[PDB]
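Chemist: The residues making up each chain are set out below.
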Amino acid sequence: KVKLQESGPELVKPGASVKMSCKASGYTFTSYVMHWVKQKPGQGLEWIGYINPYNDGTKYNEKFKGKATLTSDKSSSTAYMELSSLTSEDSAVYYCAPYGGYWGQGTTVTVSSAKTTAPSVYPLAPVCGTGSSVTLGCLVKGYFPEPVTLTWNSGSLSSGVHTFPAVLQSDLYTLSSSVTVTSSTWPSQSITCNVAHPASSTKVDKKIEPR
Amino acid sequence: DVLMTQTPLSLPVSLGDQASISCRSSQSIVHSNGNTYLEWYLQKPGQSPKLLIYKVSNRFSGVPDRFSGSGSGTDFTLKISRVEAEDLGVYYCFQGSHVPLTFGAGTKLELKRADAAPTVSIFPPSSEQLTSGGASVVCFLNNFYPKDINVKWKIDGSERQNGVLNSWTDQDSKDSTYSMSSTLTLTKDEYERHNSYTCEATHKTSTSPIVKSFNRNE
Ligand SMILES: CCCCC[C@H]1O[C@@H](O)C[C@@H]1n1cnc(C[C@H](NC(C)=O)C(=O)O)c1
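In order, the protein sequences belong to chains H and L.
Numbering (the deposited numbering) for the first sequence: 1 to 129, 132 to 213.
Take 1 as the starting number for the second sequence in the deposited numbering and just add one per residue.
Derived from the structure by calculation, the hints contain no laboratory data.
A couple of the hints might just be wrong.
Claimed, not checked - Here are the computed distance ranges between Cβ atoms for each label pair:
(1) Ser70/L / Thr132/H: 26 to 32 Å
(2) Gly133/L / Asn52/H: 55 to 61 Å
(3) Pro8/L / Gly42/H: 55 to 61 Å
(4) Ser176/L / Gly8/H: 17 to 23 Å
(5) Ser76/H / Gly133/L: 50 to 56 Å
(6) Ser161/H / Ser22/L: 26 to 32 Å
(7) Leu130/L / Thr151/H: 37 to 43 Å
(8) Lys59/H / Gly34/L: 27 to 33 Å
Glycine included, each C-beta is placed from N, C-alpha and C at the ideal position.
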């Protein structure tokens, strides 16, 4: 079968460069050009351009001239793409594809100057005051890099939960989670937030106390 | 630059219904060689786009025949006779006839359900964060439908956007509603120069904003 192997995720510094690879197998590399597509997280798709392995001919989207450089190696059926002068704007997932039917798994590029930083975890109890349903929260701030895994009572309490996608703060991330239970259940019982940040090998547990 | 406008940008349907997506090119996409390279893609979260239709109306290997494509010259349409759950995701039309090749903005095929107002909760800064010198005010807007919504913060009556970070969840897997978290971060100093913190949510299920609020010195 046609297979397109792309290089692992890249965490690089602004201003520098990065060169990803796309190794083709399962077909004749020189029988098709190799297109590259950019996708900024949660958004659209953009055609960067292509390289014809046979004669090294290229065609670029004027928007990416100078930013991207496409090259190819016939000896190993491997195409490459080099991004120069990175900025957070270049953070995205890059794909290679010989034609519409077969795309690589993509290469994630994250352009940032941050260092691994464990998250600050704060419990979110309701304002002093009651109805029959309570909503409790947990806010994890300023961590890096992604991701973190949050659970409630270790994973037992998983209904009525909403964990929101992380978003950039400074060049640090911030995410939150809310779980709603009947007030008959809280604070009579227990409810604690479990935040694990695999990058700093930290797992914090903060339990929600009434104010 | 051939721009590809697809309509709608969001398409709610009920399992079993029909689904039609439109895509029109700002100009003819007949390639010099005589073919029309208009394609349709479906992409699921954390995955790469999968080809469904190529050359206007040709199904790619393994693609179910309830998917069909048609149109010509400048107007193209993708139709799903009866929507299944593996069909939910983002669709794209694409043209590979004129460089720069371009994609449509995408159409998210999501699930239809009954309108539901958001359950609004507001949370003052935790004692911990305040001890650390920071002050975040959180406001959750949960379990609403449809997805379009807007949150507005008011500090002592003053509208505030500087320092507000929002995040939206994908359509819930169980009840098909949407949620949102809005967080206002100030410094403790700043936080203490004020008393009333308010988050208003205007959603289509009402012309009147649902407002939650608290007075700091209470
Ligand atoms: C991300 C995958 C994009 C695939 C684009 C190709 O598939 C069809 O839409 C045709 C399109 N394509 C555009 N240019 C090419 C290669 C080019 N062929 C033609 C007919 O111009 C060449 O041989 O240099 C292929």
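Chemist: For each hint, tell me whether it holds in the structure or not.
Modeler: We went through each hint and held it up to the structure:
1. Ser70/L / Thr132/H: 26 to 32 Å: 58 Å, violated
2. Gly133/L / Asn52/H: 55 to 61 Å: 58 Å, holds
3. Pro8/L / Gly42/H: 55 to 61 Å: 18 Å, violated
4. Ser176/L / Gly8/H: 17 to 23 Å: 36 Å, violated
5. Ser76/H / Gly133/L: 50 to 56 Å: Roughly 55 Å apart at Cβ, these two residues keep to the hinted range, so it holds.
6. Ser161/H / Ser22/L: 26 to 32 Å: 39 Å, violated
7. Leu130/L / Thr151/H: 37 to 43 Å: 26 Å, violated
8. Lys59/H / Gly34/L: 27 to 33 Å: 20 Å, violated
In the structure shown, a violation is registered for the earlier hints numbered 1, 3, 4, 6, 7 and 8, in ascending order.
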